[PDB]
Amino acid sequence: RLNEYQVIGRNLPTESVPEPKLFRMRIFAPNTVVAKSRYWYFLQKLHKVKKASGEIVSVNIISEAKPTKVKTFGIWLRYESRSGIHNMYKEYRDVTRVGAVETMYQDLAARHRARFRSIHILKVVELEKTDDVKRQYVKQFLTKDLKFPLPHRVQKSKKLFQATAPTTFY
Amino acid sequence: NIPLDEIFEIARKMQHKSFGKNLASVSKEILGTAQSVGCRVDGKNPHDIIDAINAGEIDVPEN
Amino acid sequence: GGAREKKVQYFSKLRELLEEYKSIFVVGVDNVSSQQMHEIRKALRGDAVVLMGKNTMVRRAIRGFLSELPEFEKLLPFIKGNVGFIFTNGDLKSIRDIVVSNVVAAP
Amino acid sequence: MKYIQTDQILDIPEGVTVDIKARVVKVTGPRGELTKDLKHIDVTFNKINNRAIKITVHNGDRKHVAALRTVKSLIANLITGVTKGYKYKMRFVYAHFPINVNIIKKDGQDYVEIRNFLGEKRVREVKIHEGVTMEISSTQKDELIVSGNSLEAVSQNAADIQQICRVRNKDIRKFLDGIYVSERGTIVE
Amino acid sequence: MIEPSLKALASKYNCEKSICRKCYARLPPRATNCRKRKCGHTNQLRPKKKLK
RNA sequence: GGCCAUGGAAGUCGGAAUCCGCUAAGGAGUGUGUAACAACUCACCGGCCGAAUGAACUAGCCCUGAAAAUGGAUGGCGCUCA
Ligand SMILES: [Mg+2]
Ligand SMILES: [Mg+2]
Ligand SMILES: [Mg+2]
Ligand SMILES: [Mg+2]
Ligand SMILES: [Mg+2]
Ligand SMILES: [Mg+2]
Ligand SMILES: [Mg+2]
Ligand SMILES: [Mg+2]
Ligand SMILES: [Mg+2]
Ligand SMILES: [Mg+2]
Ligand SMILES: [Zn+2]
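Protein chains in written order, with UniProt numbering: chain A, 3 to 172; chain B, 103 to 165; chain C, 2 to 108; chain D, 1 to 189; chain E, 1 to 52.
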């Protein structure tokens, strides 16, 4: 269960450099302790800065703009497998940016055995145009007048024994 | 080594062969087929001296 | 890249022969050999040019270019199936004497 | 990928009345009725009209989608079996030993009796499936005509006859003897 | 002796085949993989050899 | 029926070659067939339908790779949208 955070940090000011540049990252983390931890993890992949020589300036939750609008998200990924490092791009249907990332973490765990530690989120983009959708497993839900049944419904029973024959209509 | 100015004669004695464009295409048919032998065709092998006038070397627009 | 160049040469020579001569009628064949076609153009050295190719290319490559040579337009719905072209200009009788000449049949 | 929905359209000719109830297809045509149970597949049926039927798979994976056009083809084969019939022609192929084939009836059952195959003293008997008609062609020498409404039974009887005539302990590239299916068509040309 | 028309009919079922190189399977000539599980559906195939 | 080999080899036994001409189409030929041709089949181009298609690679689970001796061990039962 994740949240999207805006984390802003900078190098500690010096008499040489008293206003270092402020860098922001959007972090998908379960809580604010991991959000500031993940921030320093990525700054040390790019900038000559450390947690000992730096400073966290702001941590803020980024809420969904239209949390009850159904969207299609494209997520660009860079994950590590048992053998190498790979770039990937996948698409998810959800109403929040965070909920697509939660589906993403479940999805790469299941099909590629990629743990949380092995995944970098390069970019999450809401696809405005139906022509922006490249993947067929989410494009099939953008067809006009979409209808489908749910055959073979299995009902969960509170009791061990039922006195009537089971059914699966729905 | 031939032509011996008679490679057109070989084309105009074999006048009934290549159903080409304008007579000179008949000469190229003997040019192509005689390359499969390999002799003193102007010093080397054909598919070369052929390809000179094929693009346009000296002058054989014989009527 | 070669095909688009050979396509360009095909439309180049398609319009080169269109203005040089004029007027053409129905010209369809079937079960016609390669040596069968060589016979017609053997006697038709210069009085006619056996323009050849296919269908789908010819229709659109001219239909889109109905600006420099419009006139045709509604003429395109005529091009169905195995149809060649014999680019020439003589008379309704003077061409069928030299073209219809060779016939190969079968039971 | 779990395709949301996949469809196929059956086409019912004018004189044919398909009839489907609980995945039990009963196809009726001028030539008769054929029935087939499909309870081993998860498909649903919709009658578009009297001449067309939609066959649908909902939320099916690759193999479960693959099982849809085969349902279509089986019902289409049923339709053409009750509107055109099926006919397999077999030619008798032998280099030296003529194959003596008779249509015998023993114990109230029809059998195809192959004798002298590759000179063997053994008599081969193939049971003729119900609904399958055998005939020795008069217009052709060494030809057997297997006909019937059901394509599956006709082709399987033909295969039985072909399989009982397999060559053992020889170079089968050289010893090409046997009974082979030469033509697979319909009763109505 | 078999007439050439009948010898082509026979050769379909006896000769026109491909063979798996690891487990010796009679495969269709156009087959790209062996249908047997024991060899792992290998693509290492070769045509059935002919009399000569 | 290209040259040379060859009893013969004409595309389809074998060697230098791998060209040309017409073509939108065609290889001095991908096969079956001949003592040899012929024959048909393909290479490529046509007509037809009409919206997708082919190739290489990466890594998840599964399978092949995977052979030992008393009967037997994910602890056992058993489990397959587990
Ligand atoms: Mg750097
Ligand atoms: Mg999910
Ligand atoms: Mg998933
Ligand atoms: Mg998914
Ligand atoms: Mg990492
Ligand atoms: Mg209950
Ligand atoms: Mg033996
Ligand atoms: Mg396997
Ligand atoms: Mg294993
Ligand atoms: Mg559970
Ligand atoms: Zn195998």
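Honestly, I wouldn't trust all of these hints.
As the list claims (entries may be wrong) - No farther apart than 27 Å at their CA atoms in a straight line, the calculated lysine-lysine pairs in the DSSO-like style are these:
(1) D/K106 <-> E/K49
(2) D/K63 <-> E/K38
(3) D/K174 <-> E/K49
I should point out that these hints are in silico values taken from the structure, not numbers from a laboratory.
task = Decide if the proposed pair is consistent with the structure: D/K63 and E/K38, CA atoms, cutoff 27 Å inclusive.
result = holds, 22 Å
task = Starting from D/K106, check that the Cα of E/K49 is at most 27 Å away, please.
result = With a Cα-Cα distance of about 43 Å, the restraint between D/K106 and E/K49 is violated, given a limit of 27 Å.
message = Checking one constraint from the list: CA of D/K174 to CA of E/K49, max 27 Å. Satisfied?
response = holds, 12 Å
Hint violations for this structure: number 1 only, all remaining hints satisfied.
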